[PDB]
Amino acid sequence: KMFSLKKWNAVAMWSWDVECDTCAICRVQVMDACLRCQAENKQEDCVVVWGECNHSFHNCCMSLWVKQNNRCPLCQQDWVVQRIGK
Amino acid sequence: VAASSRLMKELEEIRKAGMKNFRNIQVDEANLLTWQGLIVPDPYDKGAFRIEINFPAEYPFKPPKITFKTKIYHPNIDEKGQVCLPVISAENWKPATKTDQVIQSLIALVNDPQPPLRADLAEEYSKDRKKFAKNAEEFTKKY
Amino acid sequence: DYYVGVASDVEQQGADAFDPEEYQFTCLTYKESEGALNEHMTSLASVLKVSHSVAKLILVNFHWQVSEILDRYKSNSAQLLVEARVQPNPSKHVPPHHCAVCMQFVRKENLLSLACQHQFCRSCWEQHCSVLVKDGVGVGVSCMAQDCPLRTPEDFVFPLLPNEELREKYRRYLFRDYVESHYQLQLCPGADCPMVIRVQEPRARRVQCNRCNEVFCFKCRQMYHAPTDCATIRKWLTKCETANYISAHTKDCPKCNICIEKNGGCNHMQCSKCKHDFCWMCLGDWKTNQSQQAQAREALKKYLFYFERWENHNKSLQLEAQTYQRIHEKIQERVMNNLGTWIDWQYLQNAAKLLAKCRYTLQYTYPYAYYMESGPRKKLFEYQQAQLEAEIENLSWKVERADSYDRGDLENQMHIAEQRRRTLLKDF
Amino acid sequence: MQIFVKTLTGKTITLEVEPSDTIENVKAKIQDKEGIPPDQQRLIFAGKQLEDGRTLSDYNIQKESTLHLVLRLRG
Amino acid sequence: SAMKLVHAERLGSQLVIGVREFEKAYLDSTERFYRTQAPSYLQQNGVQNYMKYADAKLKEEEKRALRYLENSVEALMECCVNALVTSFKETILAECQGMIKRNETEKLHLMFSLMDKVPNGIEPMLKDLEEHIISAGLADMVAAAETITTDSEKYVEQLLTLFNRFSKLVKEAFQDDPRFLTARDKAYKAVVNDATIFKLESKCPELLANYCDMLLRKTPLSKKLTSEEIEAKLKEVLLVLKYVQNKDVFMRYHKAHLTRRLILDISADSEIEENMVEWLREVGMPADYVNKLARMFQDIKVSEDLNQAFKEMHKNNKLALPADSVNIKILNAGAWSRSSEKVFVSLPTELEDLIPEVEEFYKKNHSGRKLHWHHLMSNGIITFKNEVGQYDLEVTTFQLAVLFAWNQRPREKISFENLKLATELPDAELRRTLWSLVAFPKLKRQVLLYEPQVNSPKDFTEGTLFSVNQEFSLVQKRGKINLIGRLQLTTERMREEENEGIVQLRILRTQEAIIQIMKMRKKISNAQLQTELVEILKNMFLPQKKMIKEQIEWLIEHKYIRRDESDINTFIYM
Amino acid sequence: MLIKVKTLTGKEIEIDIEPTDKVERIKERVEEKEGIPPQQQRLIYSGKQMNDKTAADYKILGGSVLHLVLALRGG
Ligand SMILES: [Zn+2]
Ligand SMILES: [Zn+2]
Ligand SMILES: [Zn+2]
Ligand SMILES: [Zn+2]
Ligand SMILES: [Zn+2]
Ligand SMILES: [Zn+2]
Ligand SMILES: [Zn+2]
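Residue numbers (this note's numbering), protein chains in the order written: chain L, 1 to 86; chain E, 1 to 143; chain B, 1 to 428; chain P, 1 to 75; chain H, 1 to 574; chain D, 1 to 75.
Where hints are given, some of them may not hold.
Label pairs and their in silico Cβ distance ranges [said to hold, decoys possible]:
1. B:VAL66 with H:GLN453: 37 to 45 angstroms
2. H:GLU236 with B:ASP16: 22 to 30 angstroms
3. B:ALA100 with E:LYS20: 21 to 29 angstroms
4. H:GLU565 with D:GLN39: 30 to 38 angstroms
5. B:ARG297 with L:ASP17: 47 to 55 angstroms
For the record, the hints were derived by calculation from the structure and aren't laboratory data. A virtual CB, placed ideally from N, CA and C, is assigned to each residue, including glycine.
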């Protein structure tokens, strides 16, 4: 039949899978890089961290947080990581 | 503007009739605005109490000033001369009340307690009436 | 053509940002305010088929909200006029042809009366309105008879006053009362300033004037304060020289805050401006020490701990102009030494303004953080404040304590500082 | 010369004064320009009530000084 | 008598040197002599000659003071300046105000040299210069607004010509004093940010971005130029762009154009793109957009690497479409497109089976990422086989979905409703795609023809007839034609009610076509069943596998059809 | 209001109706054009099935295409 297919180009957009779309420590959406890695011109190498109680944060943000307070910024449960981003 | 005619008319009206509990009100030799008052109740049966009366300018629309000169033990009367009467105060005054009505209202106020310018007197009169029947009894002859 | 309709296809129908502090206001003069007050009346007068005086008299009571007036009219068009102190209540009580004030039989060509039908002669009412106007009331004139809440229409008052100065005083007081009752309108604190601000919603946002450059909360009218709760910042200013005398021997009116004193005697205290009744014992209506220093040490320490930041960020506004002048001198020096041209050196001024705004907001964020909570929101608010403090000190080092400048780094840090300031001002 | 008053509402109007004048005249100007009757005013300057007898310059009244006005209420 | 000898020198030797071995008499003599001489010479020979008089006199008195008299020379020069220019600056500055035009720099330099000495004799220079620059710029821009608002290159050329003329004037006359450079910069900033040429708003960034795209793309202008000229033009554009106030609009438009480019791979040089990113950062643009652009470049590099890896891993197995004819790009959502709205399109079978493969390949290595497939940025080439010749052509996804509706009916006509059903698209997108596929800029011969001819895309009814052109030629017999011009990146919000209605209609009609064939023919296997369903519904739509499977399950559920036991591909009518 | 009716194969059944008609009557009108039983005739416009809405409660105005789906079990 007419109208065969010869060559195709595909475009897709990727984003993290999370119920919450904000860091809750900084005003940066989860799909964007954190402020520190923008200031240092990092090559987009900070990922998101999942807690036991299903919280999404930047790895940079909570890595800075954990030194002072060993609890979530939203609830006050003991923080042990479950799944690192990548 | 027309207070003097009001005061002369009221003086004529008081001169015409007469009252029992309220003895009479004076004028102090043509002062025409400073007036002297006297009342007698029936636990204050015996006594000729003395009052000081001041009429401000534009009297019917501005309440007068009322102070007793004779000391009396009353929860509604201060130590020196302050009496709590809403009619006398500007809160509940109307340009229709006369000095006669004011004086009879003061007499009725002397007749009964109204539980307040003195917390001690109100507290004494609240628990029992014996103190208000003894120290108020022995209050007009002396002090 | 390849470049037609390119404006429509951009940013996925979303770009730029939204300012969390916007508030539309038009600054009107005295004549414009009078015209606006007149215009908001003829509509009601035409709808309700009543006179102008009664129209504004019922308008004043309900704070000039036309829609609520119309709804309440169609609900109960009798209680509407009764509530606004126009018609006598059906629960009132009643010789003929005798004035009860000056007490003389009088003819029939006089003895004016209101809808209450209480007769008083034209020789009277005049001293009454004169005494009231001189005392300084414009909307408080009422029937002389006892227990008559009726309020006098102004067309009934103007022919009574004898001279022109009294009429001028009455007009001024009436205008003040009208602009106080209206909800979209407000006066301007400051010096002699005949400017009235008109808004569209009554809220607590920053406003300005076009003749004296004054800034104030649209509610408290003292000083702009974004994160704080207006009354809370009033409390903070109170608890912090006439100040000692006022705080020791005065008090504030409950309904409309007015500084008053107790002349002496009695405890029943009545407000002479809003008629509210309260107690000078612990306020309220009429429907009713060992180790003390050790205990208060924590409170005093916390208060001074916040007051030091308050005072530093207050002194920053004082020594703002010197920073601006230093920036200008540095710019002029670099231009004169031929190290660039003028257009290349005006991001430093933007950085200075950014620092000023950040310092002002970080100043007013502390009373909120003190009167807030004992929970996680508290645990994070001053953490974000500390982050902003670190960024402010970094940028201040980079702009005023340095000579070599790189535009990219400064712009990036400016963006970061703005983001953190928005983070703090988020809950507003 | 010229002084300011911080009214209870918050507005600060300007009124003319004299080198050494009685408080009664100032209260009269306040009541004729703002409304509050003279007997209902308490003027405070630098934490000191202004008696009806003492003159202004005794309490250091001078050019460009801010006063305060407080309502007088009786029980 | 000592001052008598020096007086005659003005009007026409070692004695004076010894006479000094005190000065106030000398200063008084000079002051009186100038007070008596200067106004007469001015009234005789005008300001233009008084200027040169003052210059020559000042130099002569400096030399004479150095020869006869001595720090005193500073005071004598100060009083001479006071006598000559300080008291006449009002007239000289009036001449300046009435002079700046008609390009008389030679007198102007002398005026500037004369006036620099007296303090605060320079501000009117700046004021007049600013007034002239602003007035001339506005007048020149409004004098040709007809042919400048539509073309970006002419607008850029006009702005650059104004800047060059004013800079040359200030260099030639004012001799490059930074104060006047500041003045001209303020005036130029005032001129550039105006909207009087528009409004019969903020439109300059759009035109500047359009010119930048013209330079960076593969346009004929970019062909008739080398790399060095391109860089010079870009630097001039940056110089003009440095004087704006609305930079976010320009960065947004530039990002859109750099999406068009760098998704279609129609750029001229990537190094120039990197250099432009760096230069835009240097000029002082907002950091967010620049960081986003750098992220875009890094993302496309990583996407090229990932595509190479996918082709290498998948080359062992041969699917329906060969592994050497497919390209994949995975890009960050934040930097490119932040909207996760759903787009409803019917899709061909060949590229429908491709999505799970890419999703599995991505999930193999990265852990914790989703994928959103963007159907407005997907391109390809398809082959058209007409009765005249065989052609290849470039289409988007919407055009492809529209065009595959004639594969099973390649001699018939289709209405608007049948397209809204088969293509499964809303009305606006369908109208735009149909206008693109029927009305293209030049295209002397078109691909599709429609009988009720109209003159606007919106003027379509529900009974419009569409047919494929059987005499379409490029009279060549083989060639390539492009139908993708400025691919859209944004689409309006899509209502789900229309999609729900279309899905309901498809489900019920598949139920009809699956019960009718079973009624007419009592028993039939599975593959021939699918073939018969495709044949029977050639005038409604092309069925999909999941929908027909669900319909078979539903029929088994409501006992319209029955399973068998011989195999797992045979159905018996109940 | 001029409406059209479509079948499974693609036949374009044409009928002209008044703006105020009945659903059952309009369904029966198609019988003269093509012989089908009244019950084995269902009409769908924009998703959900059409109930027996008298004329235009379904907003069938102008030229609209309604799918003439038959009965499933009976036929
Ligand atoms: Zn973060
Ligand atoms: Zn990071
Ligand atoms: Zn948690
Ligand atoms: Zn009445
Ligand atoms: Zn009377
Ligand atoms: Zn103002
Ligand atoms: Zn406030």
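Cross-check of the supplied hints:
1. Roughly 56 angstroms separates the CB atoms of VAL66 of chain B and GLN453 of chain H, a value that falls outside the hinted 37 to 45 angstroms.
2. Taking 22 to 30 angstroms as the suggested C-beta distance range, the pair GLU236 of chain H and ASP16 of chain B conforms, at roughly 28 angstroms.
3. Checked against the hint of 21 to 29 angstroms, the C-beta distance between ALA100 of chain B and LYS20 of chain E comes to roughly 26 angstroms, which is consistent with it.
4. Judged by the Cβ atoms, the range 30 to 38 angstroms given for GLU565 of chain H and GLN39 of chain D holds: they are separated by roughly 35 angstroms.
5. A beta carbon spacing of about 51 angstroms between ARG297 of chain B and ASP17 of chain L agrees with the range 47 to 55 angstroms that was offered as a hint.
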